[PDB]
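One chain comes next, on its own, written as structure tokens: the form deposited without the named molecule.
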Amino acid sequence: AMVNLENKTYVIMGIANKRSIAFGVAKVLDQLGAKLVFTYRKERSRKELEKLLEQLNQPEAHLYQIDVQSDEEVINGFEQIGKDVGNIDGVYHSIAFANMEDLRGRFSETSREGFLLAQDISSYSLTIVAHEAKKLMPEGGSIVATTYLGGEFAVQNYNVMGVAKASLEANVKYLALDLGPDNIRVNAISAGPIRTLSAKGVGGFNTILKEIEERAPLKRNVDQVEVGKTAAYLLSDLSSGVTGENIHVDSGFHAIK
């Protein structure tokens, strides 16, 4: 009951370049006729985002600088999206960070600084984004964050980022419980591994890809467009009965041991 997203409006957070999971999301939602608003942190992502948008069908470029480490910029940014475009239907959250040092060494060796930075950027950011986005969804809508199986199970070399994704998945459940009575669904997609910018020189990544290929039920890896397709289902009314959920888009790998 509802196959098109015309008249829908979504914010996409965390496109960095053509290989971003959030750009797969953007491409999909754009082909379904949604208006899209984009948020970036640093500059090279702006001059990039302007270039990538040329591939989309969007009749105007709504681009806002939000570093989610600043409550101010989150609060001001969403307030401004509100003034510029009005109410929205949902947010796609494609944002995380861990220090390379921490991931390279033993988990027991993780710095206090790296642990809290990963938490702040990869989990708390969803909390304050939801709180501010809600102000633009007076009738409800849908919030989707991106996670990885390493938040549910200890995965070799994922280390501090795993604890941050475990924190994130709890965040989704608690937000879902908090925001449900306001008609706002909150859900995660647990993407299988995908070769993005931030996957570059991560140890454990290439071998994890090969392992998926050999052992996952579908015997192949997933891509950004496949995440995008599940994101469209979660952000639309097709999943209207569905909240606090974590959909694995990972070729079945979560289901096997």
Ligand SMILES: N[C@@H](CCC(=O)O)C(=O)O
Contents of the next structure:
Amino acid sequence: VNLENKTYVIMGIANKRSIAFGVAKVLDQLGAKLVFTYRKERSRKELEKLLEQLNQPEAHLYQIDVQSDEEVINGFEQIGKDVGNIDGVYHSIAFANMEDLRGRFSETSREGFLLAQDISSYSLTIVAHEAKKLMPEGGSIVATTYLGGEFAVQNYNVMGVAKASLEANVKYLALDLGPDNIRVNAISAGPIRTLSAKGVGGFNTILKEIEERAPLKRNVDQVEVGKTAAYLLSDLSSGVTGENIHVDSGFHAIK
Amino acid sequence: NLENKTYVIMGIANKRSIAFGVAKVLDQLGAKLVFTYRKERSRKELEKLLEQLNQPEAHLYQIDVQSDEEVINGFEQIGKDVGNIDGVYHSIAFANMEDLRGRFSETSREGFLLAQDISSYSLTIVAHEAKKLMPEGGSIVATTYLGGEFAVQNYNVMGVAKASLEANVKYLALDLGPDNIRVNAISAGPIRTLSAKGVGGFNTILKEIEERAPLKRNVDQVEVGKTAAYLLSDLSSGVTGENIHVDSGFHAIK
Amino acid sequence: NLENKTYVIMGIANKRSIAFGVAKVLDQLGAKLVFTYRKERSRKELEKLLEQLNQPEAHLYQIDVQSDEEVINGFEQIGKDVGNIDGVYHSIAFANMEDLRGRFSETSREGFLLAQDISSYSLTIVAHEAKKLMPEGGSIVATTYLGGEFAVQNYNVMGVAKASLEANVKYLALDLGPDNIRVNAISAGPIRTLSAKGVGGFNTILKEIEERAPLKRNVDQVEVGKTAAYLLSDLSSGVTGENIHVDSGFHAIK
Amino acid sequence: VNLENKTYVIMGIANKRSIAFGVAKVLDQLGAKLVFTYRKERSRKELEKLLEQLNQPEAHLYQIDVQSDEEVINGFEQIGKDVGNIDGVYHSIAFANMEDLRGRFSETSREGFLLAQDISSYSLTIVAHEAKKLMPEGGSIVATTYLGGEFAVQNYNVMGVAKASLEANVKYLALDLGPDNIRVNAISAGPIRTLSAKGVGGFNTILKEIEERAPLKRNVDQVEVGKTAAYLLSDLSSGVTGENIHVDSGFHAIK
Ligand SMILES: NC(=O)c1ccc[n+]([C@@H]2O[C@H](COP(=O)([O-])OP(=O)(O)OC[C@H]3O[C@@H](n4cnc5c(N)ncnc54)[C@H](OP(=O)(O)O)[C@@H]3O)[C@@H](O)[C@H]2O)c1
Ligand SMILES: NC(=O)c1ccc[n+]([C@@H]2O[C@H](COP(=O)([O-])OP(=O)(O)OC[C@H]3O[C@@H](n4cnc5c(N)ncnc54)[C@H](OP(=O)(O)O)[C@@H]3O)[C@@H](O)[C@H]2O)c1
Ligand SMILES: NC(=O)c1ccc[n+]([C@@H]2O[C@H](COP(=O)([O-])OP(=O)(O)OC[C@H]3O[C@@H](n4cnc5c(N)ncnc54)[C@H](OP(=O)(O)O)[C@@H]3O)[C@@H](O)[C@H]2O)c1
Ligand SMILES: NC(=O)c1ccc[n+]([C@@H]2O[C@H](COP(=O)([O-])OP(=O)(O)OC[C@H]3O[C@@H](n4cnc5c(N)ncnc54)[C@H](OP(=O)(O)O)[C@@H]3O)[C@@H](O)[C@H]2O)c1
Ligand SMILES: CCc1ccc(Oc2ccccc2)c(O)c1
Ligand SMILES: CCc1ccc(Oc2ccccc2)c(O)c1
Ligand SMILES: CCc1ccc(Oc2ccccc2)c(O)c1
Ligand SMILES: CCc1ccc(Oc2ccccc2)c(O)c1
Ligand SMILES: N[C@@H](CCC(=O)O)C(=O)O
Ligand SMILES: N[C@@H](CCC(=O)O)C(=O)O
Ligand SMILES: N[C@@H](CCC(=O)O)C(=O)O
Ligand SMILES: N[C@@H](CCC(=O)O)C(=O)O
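To test you: the structure above is the form deposited without the named molecule. What is the structure of the form deposited with the named molecule bound?
The next block holds the full complex; its first chain is the one shown before.
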């Protein structure tokens, strides 16, 4: 691709291992202007330090907790005032309690079920609504999912039902916003060592199964997710919406 | 033959409810049935509808599935009243008109989370409570629609709630499998019911089935009920985590 | 209850055939059964396995599905001998043994087309001839495996033939639905049979089911048979173009 | 997606409307060296005229009928001697007799069913076996499918079963060749007016349905397929194998 003169919002960098920082490095290398969103103070401090690795001439950082309508609304409105219109959004945001994740699925609390839906699925819908205002000639929105949204995976529990909700959200958003020339798609990433992965029980056995069974016989990394994001966020994928691309060494295709 | 079987049926409002098709079939097969409801008006309908069944007695429980206490205490009383059960038919969903009748991107946070709560989470907590009355095993069936698998015009917030429900069925199947409790869904084709008045363009959905589905006709509540009898019985003993389309073959075409 | 129903069962070779689990179930339910075989050996095997069914007489027809004339003439004779039928169970597949181990990219043209011919095209031509014996409608069921949906090690050429068969089921559903003929598939979990010996690594396939499937056990032929009875009966009115997994839930997990 | 110093073999150009020619135009624009295979001499003649629109300094044209083991085997052997090792193959080849693309599917002949399997699915398998010989360090193999392989579509009939067969071929090949660092993927193209499309009954009503019902409300073109091929054929799609990308205006995702 070639992304000079384009601007993308990346939501959900926490540190150097985040899937979303792989996305940022790829887009930055390709010429894009980037805008970053975070929830914790600590995530902002990591962003400021990670920006030194990038070619970005200015820091554009906005605090946006996606539990709050007003923060998503005011945040995107401020972004539009600061950088003008945008070309797409990369959504790399999910959350569930340890306490629900690490017990039987049938014991999941209502509170923890709805928390995981709210942050990991509904956030895309409201982000799309606000981001559309900054994309009057169209644009591209990408969210990050996992195969536990399509099949029951041991231990992924409440988050597999949130990812199923997220993948349907992508399809319904693609149908709604398609007439505005806004494409919406998902990347189904293979397991990658991150801060959030520490919440998944048996994560090391999940990585070891990919090496042993997946067609490519190896795990993927953040930058490979980034390279598919660049495709999805750019005019290379102009015909493609409502799609879920598995960046997982082909694990999705085998049993 | 379901004699000496007992099933709980959740979600009859009136004679057109999909769950009443399920009841008629199970009743005809000899099952003892227990019914749950939310509104007073639904209990009144159930009382009238039971005169068409062969049930020697009315076993009726109010359970609003938005309340943990109601589900917990509801299934507790069912166990005291009738003993162990063999399965549960879940036929419950809800969403606001306000969110089936605005653009999907304009869905409210409270409307999205309401539909998830009633239409998806309810299965999880009902399974947790019902398992206490199934020590030997049993069978749980929920009702979904093809808009959980593909984006269908107007179905909007309910399609994301059914995608959530269908994953719920798979994760419950994995969890409760070792306890010998199967969990499955029936993906029913469109049927004129009270809830169907919330879906915009409903008559256009029905016509498209008669015109394009393999059987070239719509299904009815009794056909759902006949597939529920298979899922709830020993005929399906090998089958869990599955979604059977009772929809004249519409799911298979494009 | 299948009394006064008549079904043709294709693909019994011995006591371990999936189609023999089917036959035991349909028979127990009071169906009249017709059997087709390829080689005399399966005829004799059949003749003795029949001793264990309550079929008061032996309707046995040699049909090699590689031959149009045999399929055509065989179904014509069935009709003269017994009259109109209510359905067909198809349990027929083949691939050369060297094609069910090692490297898929080394598959010969001849063995790729052989597998397609026997394991997929044979459904098409059987449907066409059996339709003639179903003027009021009926039900056709074929046996498939999860290897038609996902690349499974060793299954190789048979995985591509099963993918072909599953699409075959869907196109036949669409074509034949207006004639009130339903066409569905059962995706059986691994079961030790004669043909099962041909598949590289079969024993490791079984183990993985016990360890990882939701029910934590393997299925058997009779469980495939009970789901066949559902698909072949009026209980599954409204269901066509479907693939029901009878696999302890293995399809639903990763 | 800079492809200078890459070489790709493109199979299945017949004329300017061919999907494989949209692929050719994109890969050539990106700097790749291109080799073309054809069956009919009239296709050779059209390639010769079409090369005048590309930046290729030489015509590398090989006649390969994929019904012939020898022609596939010798053609790829000849290709390796002329240009050396390659980076990937784009497979744009299918065939069925016209009477099997309208009316009733249950009436399909054995001979027409096996013909469509042979040309449209098995050809991928033998091409991958022969192409792997020219890709010692890895590579990428892309085939062209349709949604009729995943769902029963009116009139598509015998070709639907041949595309289901192709899509499983792609998966099994992905698994087999993954340890060799060969990726295998499909593109599921939406309907495009081509010489082959003339054999599909009701084709004009298929096109119209996409415009009326697909998320983007417009049909796709050959160049859009090409842009996705450039992605799948390049290092951008590392970590992606056994996948089927729909380039169809989102129509796959709706019902
Ligand atoms: N790692 C994997 O193996 C894997 C595989 C497939 C998919 N995914 C998906 O990839 C995405 C990114 O996760 P990751 O693995 O890169 O882990 P990560 O670095 O921990 O990133 C997760 C991000 O989510 C943000 N987040 C959580 N709740 C939020 C809220 N209410 N408002 C705003 N942001 C919030 C966190 O921000 P703060 O830290 O500031 O709170 C953090 O930046 C997630 O959707 C995840 O499910 C991960
Ligand atoms: N009709 C169709 O075309 C169709 C097709 C496919 C799937 N479905 C699904 O089929 C199921 C049955 O619906 P239906 O069409 O038969 O309509 P229905 O007759 O309106 O039944 C819907 C039921 O949901 C119950 N319910 C709603 N909220 C509840 C709550 N908070 N607590 C307890 N019960 C609650 C209602 O009870 P009250 O009236 O007492 O409040 C009512 O009995 C639903 O899951 C629906 O999504 C319907
Ligand atoms: N066993 C499993 O784990 C499993 C799992 C899923 C699906 N399946 C499927 O189940 C079906 C039956 O296999 P099985 O396991 O039951 O093995 P089986 O007992 O060996 O049955 C295979 C049958 O195919 C028949 N057959 C082969 N070619 C024929 C031809 N050209 N014309 C007529 N009949 C022909 C054989 O008849 P002859 O012996 O007379 O030649 C034999 O009766 C197959 O479709 C298989 O792919 C099996
Ligand atoms: N057009 C569409 O709407 C569409 C949509 C989705 C997928 N597809 C797929 O796209 C691919 C390309 O088709 P197209 O639409 O671009 O039509 P096309 O221009 O007619 O191309 C079809 C190609 O197949 C080649 N072919 C047929 N038999 C062959 C053989 N035995 N050996 C070698 N080559 C052979 C033809 O070569 P000769 O002319 O030299 O015989 C021709 O170049 C096909 O796989 C098709 O199924 C098309
Ligand atoms: C097993 C691969 C995987 C690892 C990390 C993930 O991110 C999470 C997980 C749970 C809560 C929040 C984010 C994820 O979705 C999938
Ligand atoms: C289009 C077929 C259809 C009709 C009715 C439904 O039930 C609902 C719908 C919305 C809210 C609550 C229940 C449903 O799920 C699917
Ligand atoms: C691995 C489960 C399985 C076992 C047996 C099968 O029947 C065959 C296998 C190969 C050739 C012919 C029939 C089958 O299809 C799948
Ligand atoms: C309806 C979209 C469509 C158009 C053309 C195609 O190419 C063919 C069709 C039949 C025989 C050979 C090639 C194809 O596969 C799909
Ligand atoms: N001991 C944890 C593993 C922690 C992790 O892998 O994230 C478990 O298996 O529950
Ligand atoms: N009147 C609704 C649709 C009515 C229906 O459910 O058929 C509309 O806005 O189209
Ligand atoms: N085919 C490209 C890269 C594709 C791959 O990632 O295998 C190459 O030969 O460099
Ligand atoms: N309309 C013709 C063919 C359409 C075309 O492919 O040009 C038919 O339906 O038979």
